[PDB]
Structures are given as structure tokens and as C-alpha cells.
Amino acid sequence: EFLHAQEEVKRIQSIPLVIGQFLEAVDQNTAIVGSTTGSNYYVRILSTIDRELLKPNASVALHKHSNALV
Amino acid sequence: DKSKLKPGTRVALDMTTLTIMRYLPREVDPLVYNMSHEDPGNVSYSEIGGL
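Note that the protein sequences, when read in sequence, are chains K and L. Heads up: the first sequence begins at 71 in the entry's author numbering, then just goes up one per residue. Heads up: the second sequence begins at 102 in the entry's author numbering, then just goes up one per residue.
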């Protein structure tokens, strides 16, 4: 079941994606980022994959269907 | 090909899944096309003496 579940997330990690810039972390759970779409977002950081090298300043991708930081 | 993407060329991508449906050949601005065809002169392009 774990192997079947991981499959499901990979699909989301992949396109469609919309790019942003990741400013800074206010929680390990959820973080604040800014898009190129003209919206500032509070987006959730995907679990059972690192969220602790997520935290520095970098370019980041957010999923189009789910509006999360995959 | 992966050569159907190179910086500055046009691409069509699907709206709902953002994967490449096709190559889209780049637009040619009509303004550049006018500059290529037209010669603003009405004088010889061989020589003008003393020039």
C-alpha cells in the first residue's frame, strides 16, 4: 500500500506545475510563497519527503490542480 | 524531439496538464519582414562616384 500511495504523489510532483519563488518558512507544515500568477499563496509542503531542505530561499513549483507545494 | 524546445521558439502546451502537444513554429513579426523586402532608395546600388 505504501508503494501504491507513493505512485499517486509522484504524478502530482510532476506537471502540471506553476512556478513561484519561495521566500521563507513560517511552519514546517505550511510555508509562504509568491507566484508569477499574481497571487501570494500559503501552500502546504508535501509530507514523507523533505520539508527541511525546503526552507532556504530558492525557486519553487506549486501544483496547478491541488494548489500545494509538492 | 527535445530540440523542439530551445530558448525563444514557440511551443503549444496543453492547458490542463502542461505537457507538450506540439511544436509551434515561431511567429514572424511583419515589421521585420517589411525591413528585409524594402529598399528605401531610388538610387544605384553599384556606385555613386566620389563617394
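None of these hints come from the bench; they were simulated from the model. Careful: at least some of the hints might be erroneous.
[To be verified] Straight-line distance between alpha carbons at most 25 Å, and here's what the computed DSS-like set of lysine-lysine pairs gives:
hint: 1; chain 1: K; residue 1: 125; chain 2: K; residue 2: 80
hint: 2; chain 1: K; residue 1: 80; chain 2: K; residue 2: 134
hint: 3; chain 1: L; residue 1: 103; chain 2: K; residue 2: 80
hint: 4; chain 1: K; residue 1: 134; chain 2: L; residue 2: 103
Against the structure, the hints come out as follows:
1. Between residue 125 of chain K and residue 80 of chain K the alpha-carbon distance is near 21 Å, which keeps this suggested pair within the 25 Å criterion.
2. As the CA atoms of residue 80 of chain K and residue 134 of chain K are separated by approximately 14 Å, the hinted pair is consistent with the 25 Å bound.
3. Our distance criterion of 25 Å between C-alpha atoms is met by residue 103 of chain L and residue 80 of chain K, whose separation comes to about 22 Å.
4. Only pairs whose Cα atoms come within 25 Å are accepted, and residue 134 of chain K paired with residue 103 of chain L is accepted, the gap being roughly 24 Å.
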